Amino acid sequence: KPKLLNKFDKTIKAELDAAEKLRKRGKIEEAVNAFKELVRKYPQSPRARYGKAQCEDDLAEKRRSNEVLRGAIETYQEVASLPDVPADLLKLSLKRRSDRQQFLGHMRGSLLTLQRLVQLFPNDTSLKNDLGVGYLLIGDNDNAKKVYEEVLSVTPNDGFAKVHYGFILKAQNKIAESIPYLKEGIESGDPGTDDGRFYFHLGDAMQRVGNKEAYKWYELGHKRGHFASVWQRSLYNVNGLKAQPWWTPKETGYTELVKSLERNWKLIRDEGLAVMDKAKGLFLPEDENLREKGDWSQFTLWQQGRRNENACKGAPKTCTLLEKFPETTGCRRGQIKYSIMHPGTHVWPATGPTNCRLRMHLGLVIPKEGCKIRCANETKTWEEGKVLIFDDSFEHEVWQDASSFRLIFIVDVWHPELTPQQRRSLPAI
């Protein structure tokens, strides 16, 4: 059990437990003023101050107020100021302060609180792990690496340190070295290791070193509630949405959109080819993280329901066409863009961020062989002037090993089972 009552505190324990029960009761206003009057009467009490701060914290969560939370943060700090403070209580108060600071985004302020905690309790390894997260939260991966190396020299089988250390190694491009750390840490079962993020990184690493075991771990993560299934692993999801990797135009209901794309495809192609030929700079490379190798770029017309006006100048007829279909131009979780992939390209298996969209691919220039795209367990090919539809919340992988360039048109639509109100109220990402 925890010991919070200083000797003095033990003396005035009677008043303090009363105010604390006033809080524990759930009557926040009462507890606040209760505790405040104790602070006034006995101003040196650590538990009196700690209760004041606890009440401020609860009032902040009740009022959804940042300005109140900021006062709680200082009062937690105040507790640490008073003399002869129980160590248990000190730990509690400063840890809560760090968590609230992190919540408000004061990442470096939290790091400071955490550094102090390590100064106070050099032998509490949990606090070293928390400090390591503090460093991660400011991008200081080198110091985080050092913190976790410390922890692991003294407690080699600490799973929290292991998973975070593996994450660090993988962010340093030591992908093979990171896999055992991630595995062992997840396998320890330790608090803080049952995190979808570590399953994600373990599986991504394994896939990038050709380790077939990845799907096993994906499956485990699904069983732990981190993934929708072994295949469908998006992060921002809405429940109750039909979930299959490949769709027919008929199944989406957006048959008029598919028809407009397929029937006017040479127009869409020609505008894109014109931008390649004359405004090549408008094609921005895709993220090399996803790309093992190759040459892969895109020209974006709509981003998250926002039309790119300077882009639609370069593809004016295609934009005029798309305007007729708010199911795609208003998809705030999707895009509309040209995508060009040159030979020798491999896009790592990956998943889109949401299950609230379906992704259409219109084939504009498709070499006769060498281009293929897998979603879940089905691998398909593009056809010039024909549309593919997949749920890119399902893992998918792309290969370009033709002798010429491959050009497609990417059109995102709201998942057809989302209601109008759902489409209006879904925050873009």
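Residue numbers count along the first chain shown, from 1. What changes on going to the form deposited in another entry:
- Split into two rigid parts for the change between the two forms, the chain puts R233 and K212 in opposite parts.
- Of the two rigid parts, the smaller turns 18 degrees against the larger between the two forms, judged by C-alpha superposition.
Could the form deposited in another entry be shown next, to go alongside the form deposited in one PDB entry?
Only a single chain is listed, so you will not see partners or other molecules.
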């Protein structure tokens, strides 16, 4: 039973309760006014202030307003800034402040609140876990790692901390070390461990280490609703999209884009070769830990539906050609990029992040042997001047064992069943 009333608030419990009921009945108009009256009347009351804040939070809900939620965020702050605040209320107010900052996208602010909460409550392990999430959300994996090490050193059986530690290890390429934490944290059944993010990476770590256990966990993750299937493990999905590893141009409906890519393939090729020759630094090494070995770099013209101006100065005719196809230049969950892969390269089995795109590959320079790509259970080969199309939300794997480089052009398109509105609204990836 949360203890939200300090000594003075116990003396006005009747007014506080009456006002809370108006909020719980959806009369945010009246509830805001009643809690406002209580804040004026009792400017030091934490519970009155928390009521005001909760109603501001709800008002930002209804009107869906960043200024509104920012006000509520200060009011949760205000609750914490009043005198004699009960510990349970202090924790609730600041936790919700951090959460609403995150929900809005103010990850830096959330982090500040979370550090404060841990200073105020040094024995609360769930707060420490929450702080680790804040660090992860700003991309500060080093600090996240220390936080979860501290949690485990005190509560080594904490499943939430186990999965998150294993996530960080896996992301750092500590594959084997990562496995027991992901497995044990999932197996804990603790709150926050039933997350597809941990099934995905536990299986992937196992595959990299040649431990056949991997698909067991994939199946479990699909049993608990996290994956579309065992073979299609993407996590930013729109359910109801046709799912097949390999597509024909006709099936995708983007027949005109395929035609343009194939009819004009030599211009695309030549511009990529010219960049390889005179501006090779524009090709950046793949940086998502997908390679077992080998050299693989990409020269990106579009990402998240934004043209890279410098890059397109290097492939101007190709960018001009592509500009006619908003299905790709506006695919905010895909890229348009040259990709060069050299002999001795093996890309681990891997999965893209979203089922909202299909991936086209146009062959530009393809050695006669040694290059291949598997999607799901089928392995295929590229052809110079020809487009392959696959759904990279399915497990896929690539090998390069030729005696010279392999150059392709990668053109991501919106999944064709996605509606115009979805294409305008889906967050960019």
